[PDB]
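Only one chain comes next, encoded as structure tokens, the form deposited in one PDB entry.
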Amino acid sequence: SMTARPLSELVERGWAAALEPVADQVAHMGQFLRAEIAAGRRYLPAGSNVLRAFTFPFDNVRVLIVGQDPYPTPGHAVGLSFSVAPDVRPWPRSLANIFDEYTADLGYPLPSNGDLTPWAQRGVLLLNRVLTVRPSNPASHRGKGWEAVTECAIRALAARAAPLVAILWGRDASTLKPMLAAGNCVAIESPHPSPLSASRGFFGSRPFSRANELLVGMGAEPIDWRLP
């Protein structure tokens, strides 16, 4: 529980130190979620998954992907942005669009399922600007306190010696751009893959190959984006 336990016991070592400036704010978010349940509203993803992106090592992040907020359908969000459990189908629309672009950019076949854990395990941080949502209500937790947490995460990543490429999908993600100004960091921005915006510049944006070109240009290894 984020209200009950400290960062050292919720997230990976590097992340617990990175997020020290927002320790109280994370506990406050736990209190917010408690108050939602007390008031008769629910949230997604499950409590134990909310901070899941911060359970993969901070020092190993090469690429940061940032979306808006978690999937609004019960049974979709898993605490890694855009990912779904391997048994979920049909895929949510944003994910189908991401995979459409993945195939066009990289030439790989469509993935077998919507599980993006391989990316997380290879140094891609799958974040959202806001880490919870009320079921069936996109953006419902905007402005409730998560933004300070994800701002802190991004500043910390940018302050590392380690190279970073950021991919910012949509307007809320784009508000992280000022914090990404560091010599060791470069940001790709596009419209969000949702059907509401994808035709404004998500399709054709080739984020995966661009990220790899940027990594290689700062002397880092490219991501193996290939999903099974």
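Positions refer to the first chain, counted from 1. Basically, rigid core = biggest C-alpha set you can superpose within 1.5 Å across the two forms. Compared with the form deposited in another entry:
- Superposing the rigid core between the two forms leaves a single residue from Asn60, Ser174, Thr55, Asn49 with a C-alpha shift of at least 2 Å: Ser174.
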The other form holds:
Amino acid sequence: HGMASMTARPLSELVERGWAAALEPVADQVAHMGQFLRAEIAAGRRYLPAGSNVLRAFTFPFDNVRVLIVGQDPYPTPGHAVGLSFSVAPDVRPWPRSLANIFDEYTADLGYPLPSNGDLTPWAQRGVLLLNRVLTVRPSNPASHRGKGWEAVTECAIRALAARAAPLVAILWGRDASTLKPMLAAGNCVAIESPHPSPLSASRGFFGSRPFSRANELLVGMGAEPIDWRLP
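Alongside the form deposited in one PDB entry that was just displayed, please also present the structure of the form deposited in another entry.
FYI, this one's just the chain on its own, none of its partners or other molecules.
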């Protein structure tokens, strides 16, 4: 299911059942985004990630989400973006520098060995929502699909999470992410804020922030199951 299905089919056919219900208020908007992508392709432009990966974050159960890690836009380099924020396919090398920095902090914080590869699917399977605010990008043009309609979709998703009484920890990397705090506050969620892991900002406070262990301390304090962050 790629852009054809995104344009033409109900959410219940595209994403996990809980997510389909949570996103119902933006069903028309998702369909419009499918048409946007079809228009791009008809104009001889590409987009990233692959159509089948665009909504991938919403294919893991809504009910199990306990941590939100928000990103801005997908990786712009062809072959990096896979529909989970910051993740790459297992054979990608070197890792994008943002992901290398995330993993540096992972090992510093948790004491586990560096991951074997850049595939964050295990986190998604364990209740971490790896959500970019904007879900597509034109190759090699960072942020090029900003303002095209994705923000309403992803805001709807985050609002649905925040509105639940269930515990939520939001890891908010950089200034754009910190704009989510009004929804999070009213939902009685907790945020961990730091500079972003991009090499542009990481050494101004991302390193040493210990977001993985802190998220788990917050979760346990709230009566939730912590995340098993261990990657192979």
